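One chain is shown next in structure tokens, namely the form solved without its partner chain.
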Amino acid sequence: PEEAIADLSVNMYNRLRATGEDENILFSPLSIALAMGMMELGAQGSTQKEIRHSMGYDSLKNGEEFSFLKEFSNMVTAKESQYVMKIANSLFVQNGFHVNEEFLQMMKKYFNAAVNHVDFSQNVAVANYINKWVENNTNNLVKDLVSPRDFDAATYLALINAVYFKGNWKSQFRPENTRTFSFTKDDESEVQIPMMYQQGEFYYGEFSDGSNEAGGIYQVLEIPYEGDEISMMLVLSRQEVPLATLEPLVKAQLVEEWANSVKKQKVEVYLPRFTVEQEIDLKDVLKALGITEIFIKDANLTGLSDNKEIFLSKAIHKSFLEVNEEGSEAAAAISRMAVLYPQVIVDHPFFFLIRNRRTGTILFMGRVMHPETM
């Protein structure tokens, strides 16, 4: 299923949007699919069926849904001069519970995932340990994933999934051109943020918001990262229009269209320097999507443990994305065309995705409603 990746994130994004009112959104589809594969492989029977069924993998009989792991591994090993994607995937299991060795081996060899026995009854120690394991696997960029309170309830199994991404732009912004601009939130409040600026080669298109009214268009800007494979695609409504008017249009087919219609050209770009993050309770999100048996004592998890008491107490996902000026030098009568360069000023909320241009796969999807620090 090539397109299943796109639908996952698009579906997830609408869920998150549903329950997320007004907050930044950020998640990685690959990371989440990795986590769901771990659950799928751990589960058997009806438990496994809800997961495959909810994922739309009913008709996949030979493990076809695990093929995305290959590309995913490629990213974890990419050159740092292009980007860094740190991932922390782990199952934490109560000390003394047996884990099937075959499951353990698969996790290690194909999922870039560890299985860690811990004592969940020591709330502070276990939260501390989990946080340090996560920091250690993310260059200390993903912090405070869990809290002692997360283990107040009896827990025997927890799935932890985290990801940090930062890329080097193919065309750097120069820090001396970054200046304070005001950013207008969709509730009409304003905050001052560092607005990066450059004139450079991007992918740009204009698209109908569908109302066919005069002017009614939004902009799509794709900014390539060094190495030419990965890019950030920003979707920006006209200034007097809310992001929420564009969001319902978000679908795998539209993304395809953007990807194909945008054209490489000189664009003037004003982009905030910002970071965005989101921690999501995957248990919450998946329960709404049918997956519930894995989270109760009826769980059939014999794929991962012959222990009959065991179920998934906790499933956490956290993404952290950082955007700044950093990237490569730009390559040096087209100046006569300057009046025709499009202008994209990202000074209000925007939807974004990070994608591999060659494979089309979505590394991240989200939105920025608040670009401001803390």
The other form holds:
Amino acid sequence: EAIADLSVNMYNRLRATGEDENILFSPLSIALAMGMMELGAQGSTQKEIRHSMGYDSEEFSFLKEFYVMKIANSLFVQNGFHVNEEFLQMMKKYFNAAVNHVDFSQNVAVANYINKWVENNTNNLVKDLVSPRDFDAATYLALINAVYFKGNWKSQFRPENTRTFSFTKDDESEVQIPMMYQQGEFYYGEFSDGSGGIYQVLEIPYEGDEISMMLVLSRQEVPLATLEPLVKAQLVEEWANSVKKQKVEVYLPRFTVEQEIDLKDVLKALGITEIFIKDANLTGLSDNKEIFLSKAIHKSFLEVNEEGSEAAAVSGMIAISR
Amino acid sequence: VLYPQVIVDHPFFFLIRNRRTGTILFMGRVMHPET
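Return the form solved in complex with its partner chain of this protein as a structure block, the form solved without its partner chain having already been given.
In what comes next, the whole complex appears, and the chain from above leads the way.
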């Protein structure tokens, strides 16, 4: 529910900084990563995270509570760097983090090693999360989360039904794209757009009956931006609770979306600032008071086609000594 | 009966969610769908 508000807050930042571009991220991945960071934080630094993530009202128990669906965490620790036993224990308990010892000074080697792990846990869909330019003698720790999903639509589109259609961008320009089609039994509702003053919500289940894709679409005459301010956690819940299974004529593009986001900017927008400064309190992760969070990275991939969807997101955290 | 038509031929918002728990896995928008 937390994740709910989190997702919407983070999305709003990305709208703000993402002038008219595609957006894609995984709030789940970001929460798991920040969960791991939080285990390291203390005092002021921990309190700020907890608040920003909405945990004031632990959260580790909820975080633990986690077709193909895979979630993996790993820790890369500088050789001979002494990490708090307690940190390590919790990290295993709550995140089942793989723990690896590396020499960050061997910067090409370590980048390759971390990138291989990413590939191994995203079906190769996310590449170059890190680079050798990320690592040196000052690097102490990297923590990574990956989320990976692959599912067939419960009711697949037949490739024979896919035809070229004009897609009208919100800047009124047009592109011709492959447009999948089926008449299927999906969950559908109509909501007032606040203004034919309605928008459509369509929920399409995947095989396995656990996961779905929800699509939200304004009337043709109206830009998506008109609907965006409406998007709040309470509304998301309402959408889920208001759609009715029925026959629907569905025209949906075959598409891929990718995004690398400035995760530091996003977290800062949530109010998370202390971890990023020299005098951060990460005394939870070790007795080494010189440590702070240098880089926060998030990259995602989504493919949508006739058979279903395949998606991955990875969040990475790189900690250094001043 | 006239079935609704959802014709995704302009920008849209999307979410991939756990139906049971409500957890949001992925979220975003497509402003530019072309290759």
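Numbering follows the first chain given and starts at 1. Just so we're on the same page, rigid core means the largest C-alpha set that superposes within 1.5 Å between forms.
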| query | finding |
| --- | --- |
| Answer among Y225, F173, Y204, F151 for the CA shift between the two forms that reaches 2 Å or more, rigid core superposed | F151 |
| C-alpha of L91 off by 2 Å or more between the two forms on rigid core | yes |
| Rigid core superposed: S237 CA moves 2 Å or more between the two forms | no |
| Rigid core superposed: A113 CA moves 2 Å or more between the two forms | yes |
